[PDB]
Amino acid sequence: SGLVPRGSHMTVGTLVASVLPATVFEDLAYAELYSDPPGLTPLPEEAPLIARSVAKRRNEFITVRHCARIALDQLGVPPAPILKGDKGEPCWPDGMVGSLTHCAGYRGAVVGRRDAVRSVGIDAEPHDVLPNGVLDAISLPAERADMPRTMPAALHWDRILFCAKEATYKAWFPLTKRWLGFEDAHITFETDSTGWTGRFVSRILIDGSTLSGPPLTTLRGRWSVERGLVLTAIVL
């Protein structure tokens, strides 16, 4: 992989840039925000999805899809509604792939052309310890034992693992249309010398057959902790 030198090519301040390897920038567009700008609206075709949701859930939905449309604009794609498929996945315009994520203080979208990008998965979470009991439910025993060997003790690697499980599913589902449980992938980590970024690889433990290509046995990705946020990204 290899990220770009930090801040170079006008990436200073861009959190998602620290999980995108240098070789994927030519294929991917991205947009991120740290708040819900006032005045944003859903497209009419998107509005029914949130008709009965509280304002905070509307704001997440509206903002992150505003991001998705900024990214799509950078690739020459006209505004389109981003609906949801039958297991919650974003429905992208013709010929496009992408991933959406949002959490406290972050909204982000990464998009690409199916011609050049097989699949994308991103996830963001606040950089805080997991609530009690959650780690056991989202991890495998061999996973938990190995994280203290590969990850900084100063970081909430339980939250980072969780985030990587989420990014793994988001990259996996558009290619398989099958559910990947938390126990269905074993993720191993690597930490960069600088201590706040690194790599991961998700080893698939179940049938990895895809509708249109070679089976998925492993999915490589990147992780970063910056400005109180954890980010993970997978680009296949």
The other form holds:
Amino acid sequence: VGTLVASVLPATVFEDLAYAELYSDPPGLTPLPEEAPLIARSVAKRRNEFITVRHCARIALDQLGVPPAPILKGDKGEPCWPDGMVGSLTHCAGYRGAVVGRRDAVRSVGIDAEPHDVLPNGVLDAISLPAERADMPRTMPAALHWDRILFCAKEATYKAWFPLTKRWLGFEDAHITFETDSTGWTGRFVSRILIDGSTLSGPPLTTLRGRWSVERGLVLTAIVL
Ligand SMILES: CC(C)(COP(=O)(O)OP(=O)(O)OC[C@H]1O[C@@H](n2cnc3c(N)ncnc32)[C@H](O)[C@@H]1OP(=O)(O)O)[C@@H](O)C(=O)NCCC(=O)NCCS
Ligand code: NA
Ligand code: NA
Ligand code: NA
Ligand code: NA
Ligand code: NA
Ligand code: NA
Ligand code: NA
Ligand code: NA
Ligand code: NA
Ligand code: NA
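Got the form deposited without coenzyme A (COA); any chance of the form solved in complex with coenzyme A (COA) too?
Zooming out: every chain and molecule, the one shown earlier first.
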């Protein structure tokens, strides 16, 4: 079983998390009939990864004692987790993953996987603030593609934020600061929210702490609130 995503999960709430990942689409996976409408008009690549990522979601939920069931799609694409559960899903070339948590210990999860590849510069200025572009090179080893790592953290931030607020969060609306561990391939980040953080219940979101990792040609990030 693969354990790349454990490199970005916390120990403090680990017993209330579970995860499952795969690196390709198993052949011949049939969609659940209740989930098939979600991909009824989708291209084959989207259908195949959707079915794999939902499979990972149910394996991870089963570890937390949740019986397998369909996971529908809600406001703005967000997955509809079973009662008492939270989680997040991601895919990219070579990666499909789910991390889920018990809501009584975990308020929200956001994860993202990317290929550890450059982004174009025009995609970088649209996805970053000036202070990020100044500070990332100061805090990240020169071997790493900081543009891509910053973007991966932006995506995990939106996924952790949206289920709590049900509002947009733009690339300009969170300033993310990083640190690198002395081993050079993992570290921590903090996403500072620059807009109103009001949530549907509980205290407003102001800073979201996460972890990042680069390995096996992938960037992984996770935020567990
Ligand atoms: C929604 C988004 C973050 C998804 O990320 P992605 O890199 O395109 O794709 P991933 O495979 O990593 O993640 C897709 C999964 O995200 C989840 N997701 C989609 N919308 C979501 C939402 N509103 N809230 C939480 N999770 C959501 C879904 O599980 C989806 O997979 P599924 O359709 O198979 O269920 C991205 O497409 C997007 O729209 N980003 C713009 C918002 C943003 O990044 N703001 C910057 C904040 S600092
Ligand atoms: Na457990
Ligand atoms: Na695999
Ligand atoms: Na559902
Ligand atoms: Na969610
Ligand atoms: Na990809
Ligand atoms: Na360094
Ligand atoms: Na600012
Ligand atoms: Na910050
Ligand atoms: Na930084
Ligand atoms: Na590592």
